[PDB]
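Read the single chain below, which is given as structure tokens and is the form deposited in one PDB entry.
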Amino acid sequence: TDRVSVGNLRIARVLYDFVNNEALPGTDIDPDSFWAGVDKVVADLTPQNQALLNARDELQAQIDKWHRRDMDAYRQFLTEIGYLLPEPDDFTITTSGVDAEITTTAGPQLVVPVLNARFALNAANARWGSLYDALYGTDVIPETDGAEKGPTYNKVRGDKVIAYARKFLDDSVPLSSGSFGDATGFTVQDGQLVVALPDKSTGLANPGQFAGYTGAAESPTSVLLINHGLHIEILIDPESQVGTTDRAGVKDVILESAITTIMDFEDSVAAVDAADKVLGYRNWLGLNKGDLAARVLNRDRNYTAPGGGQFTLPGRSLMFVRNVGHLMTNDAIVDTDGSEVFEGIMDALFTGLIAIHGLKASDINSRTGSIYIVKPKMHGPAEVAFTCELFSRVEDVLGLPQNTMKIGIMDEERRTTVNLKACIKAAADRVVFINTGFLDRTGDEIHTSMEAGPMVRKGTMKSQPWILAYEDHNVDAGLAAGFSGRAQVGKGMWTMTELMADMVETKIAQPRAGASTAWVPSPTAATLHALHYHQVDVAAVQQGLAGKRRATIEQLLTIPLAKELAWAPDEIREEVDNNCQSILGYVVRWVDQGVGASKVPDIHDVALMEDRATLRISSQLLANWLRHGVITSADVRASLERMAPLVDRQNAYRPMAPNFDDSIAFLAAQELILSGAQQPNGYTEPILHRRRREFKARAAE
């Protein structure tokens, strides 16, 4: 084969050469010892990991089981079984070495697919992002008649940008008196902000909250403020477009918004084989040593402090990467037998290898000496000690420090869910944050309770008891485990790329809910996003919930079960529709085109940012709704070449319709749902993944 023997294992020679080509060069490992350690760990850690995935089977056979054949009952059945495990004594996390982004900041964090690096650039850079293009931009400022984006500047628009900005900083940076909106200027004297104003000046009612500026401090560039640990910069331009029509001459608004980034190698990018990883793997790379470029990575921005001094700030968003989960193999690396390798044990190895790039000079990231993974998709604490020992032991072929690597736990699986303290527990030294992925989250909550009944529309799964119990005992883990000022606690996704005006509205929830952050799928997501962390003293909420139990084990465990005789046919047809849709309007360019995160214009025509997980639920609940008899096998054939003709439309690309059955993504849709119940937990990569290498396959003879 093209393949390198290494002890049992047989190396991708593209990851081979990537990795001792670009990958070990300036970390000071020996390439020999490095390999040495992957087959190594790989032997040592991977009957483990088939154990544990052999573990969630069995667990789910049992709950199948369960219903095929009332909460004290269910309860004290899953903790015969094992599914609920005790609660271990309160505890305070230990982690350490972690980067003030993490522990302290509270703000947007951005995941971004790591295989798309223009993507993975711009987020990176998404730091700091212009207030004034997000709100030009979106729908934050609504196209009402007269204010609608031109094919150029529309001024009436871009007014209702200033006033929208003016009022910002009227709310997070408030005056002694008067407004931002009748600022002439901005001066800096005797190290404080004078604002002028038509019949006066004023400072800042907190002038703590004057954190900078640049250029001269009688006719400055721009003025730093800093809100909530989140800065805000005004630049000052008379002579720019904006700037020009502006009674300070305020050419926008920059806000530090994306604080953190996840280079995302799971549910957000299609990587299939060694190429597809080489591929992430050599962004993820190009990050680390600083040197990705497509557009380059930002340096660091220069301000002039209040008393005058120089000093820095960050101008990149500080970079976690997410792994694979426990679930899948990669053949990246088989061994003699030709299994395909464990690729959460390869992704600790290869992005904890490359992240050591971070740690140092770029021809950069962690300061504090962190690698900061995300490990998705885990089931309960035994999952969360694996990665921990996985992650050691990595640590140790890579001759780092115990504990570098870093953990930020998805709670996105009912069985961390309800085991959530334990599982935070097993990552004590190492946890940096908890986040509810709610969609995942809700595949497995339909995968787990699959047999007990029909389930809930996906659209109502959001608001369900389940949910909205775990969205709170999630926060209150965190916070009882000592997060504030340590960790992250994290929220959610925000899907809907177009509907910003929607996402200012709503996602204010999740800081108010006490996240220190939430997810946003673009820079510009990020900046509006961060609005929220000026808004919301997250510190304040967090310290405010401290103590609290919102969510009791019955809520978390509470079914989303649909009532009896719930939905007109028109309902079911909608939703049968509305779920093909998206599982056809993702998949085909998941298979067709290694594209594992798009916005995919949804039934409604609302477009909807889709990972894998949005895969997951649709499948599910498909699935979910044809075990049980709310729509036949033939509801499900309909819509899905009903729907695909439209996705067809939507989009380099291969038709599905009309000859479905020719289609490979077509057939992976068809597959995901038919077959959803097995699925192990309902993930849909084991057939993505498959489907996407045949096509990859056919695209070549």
Second form
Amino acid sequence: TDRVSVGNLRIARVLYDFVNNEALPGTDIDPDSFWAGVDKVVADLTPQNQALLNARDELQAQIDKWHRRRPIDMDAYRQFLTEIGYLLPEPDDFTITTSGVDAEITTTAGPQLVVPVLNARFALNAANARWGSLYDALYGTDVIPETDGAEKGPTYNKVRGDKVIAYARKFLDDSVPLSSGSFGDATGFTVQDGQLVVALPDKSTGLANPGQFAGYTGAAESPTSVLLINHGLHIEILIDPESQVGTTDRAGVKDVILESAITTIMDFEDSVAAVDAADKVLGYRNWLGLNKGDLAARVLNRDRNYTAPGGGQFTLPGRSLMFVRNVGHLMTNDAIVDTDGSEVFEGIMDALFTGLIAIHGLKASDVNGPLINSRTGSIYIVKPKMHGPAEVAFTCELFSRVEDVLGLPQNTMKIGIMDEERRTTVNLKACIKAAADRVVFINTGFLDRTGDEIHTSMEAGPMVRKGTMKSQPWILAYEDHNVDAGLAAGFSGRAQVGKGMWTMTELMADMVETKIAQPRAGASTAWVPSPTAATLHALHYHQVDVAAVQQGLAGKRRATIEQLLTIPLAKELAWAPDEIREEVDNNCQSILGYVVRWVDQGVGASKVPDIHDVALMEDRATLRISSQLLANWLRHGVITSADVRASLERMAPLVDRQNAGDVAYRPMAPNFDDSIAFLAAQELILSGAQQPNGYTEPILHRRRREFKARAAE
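Next up, the form deposited in another entry. The previous block was the form deposited in one PDB entry.
Below: the lone chain, stripped of partners and molecules.
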């Protein structure tokens, strides 16, 4: 084979070479020591990693049997969950003690981007998306309707531009109010005595609250830009009377720039396809470039310089503070195998390598690269798919052991707890407590959590449709319970409380209209799928004072355990055959749509047309929910495997047409049984009920390396 033997490890050569020649130099960690560290950590933590995975199966096996042996009695259901150790007791009240955390996280509320780390240009754009032009965001999207001669065309539409300008002016009025008059009638800006002064046609005024003036560039008598702050977020008015847009503008204004994506999550998990050592190195290679601060295709933006209202120079971050999202506890990867040939656990590998690489982001020099990520010295790892408090404790112990190998102070590696499995939801307080000195983030989502919901209660009966799930009692309790737990553990001012991703990348008007609900619910952050979306979602943090919302929610217990445990069973004869048919086709094409690009092209995140040609950018969770739903309906006789195959066959050509604009694409229809993508989609459904916690990675990872194998002959 082509591996390097170290202790019990057989490291893939490409990985070994990458760590030694690219990752290690500059960290002052001795190579041989590092690799012995890896051998040690892997040997020491693998058994516990395995025991936890076995605990999941044992619990699920018990719940399965419980449902088979029986209108649910909730007292008995609950007592049973307590008996098997699924429902643990709730700890007393406490406050997290996590320290050395950047201000982006402790204090600032705002958008958070997620991006596939394997895609360097996407990753590049995300990092630079800390600052984004509101004009570009408004003009380029449907937030401004195209109706009244404001349509987009191959050239700039001045009528549309004026609407953009008016929209921005009104934003300024709502966010940084003048003590009298509107920004719409502004004629110019001057800095007079460390104060911003705004010229109107008939007078001059300052800010209703002068403290919102945070700086400027250029001469104080005629600034090239004015920097403003609201709710901890910065607004920059660019002033340039001789630019084209400036010439038409009443105050010479050229653009309004918003501090947008305050933090970004570089993703190694559900948005990327990485099934082997070659894929993993590409991943780690981009993350290195980002932390070194030298990755380019167009560079990483440098920090922005301003003149304080007083008179000195200061510097504001120009990049989005980066987190990394490791894979979770389940999967193994062939990047490392042991002597007998067993693949090493992928999450353990991610903590070591993504942690090692992140050392470079803690300082600027020749050997570490020019740009700094964390200014406080933290490495931020989001850890997905944890089930309960013991799996959290294990993560902390892993990070603790990784810190020792890497020579870092204890608690350097912070953890972001994704709350997307049921056993975490109902034990959330205990999960946070288990990370009380490392936690900087909790969040919620729809697709994975609902996937787990369906899998856990697979045997209980047919579940409601996917669309119906969004409004079920359990999920509403789950959303509120998340925020409550976080606030009760002292998160406001200390850690992020996040909500889920907006997936409809083209429906920006809808996003601006409805996504405001998340800050209003007290989320200090929420996920956006693009830099444009980050900019538009930032408007919400200007309209909503999240700090104040979180304060008003304090001490409230809005979710009962009974609500959390309400299984989304369908009622009697809830559906007409056309409705069943609609739902089946829907899920079949969401699986096909996502799966063809995963297996054939190693893409896990992209604008995928849904059954009604709406463009969604979902991650791999879309497979979990969809497949678990179909498997649930199969198992209870709502549908048949014939219906499923016939649906998949009906939807395959449609997916084929929706990818016409693509060169690399290879149709699935009409030779279905020779498409590895098509067979994967079909396996995901017919084998769905048998997968551990309904996870799709085992089948998906296998099919992708099958496709890659066929490519190699």
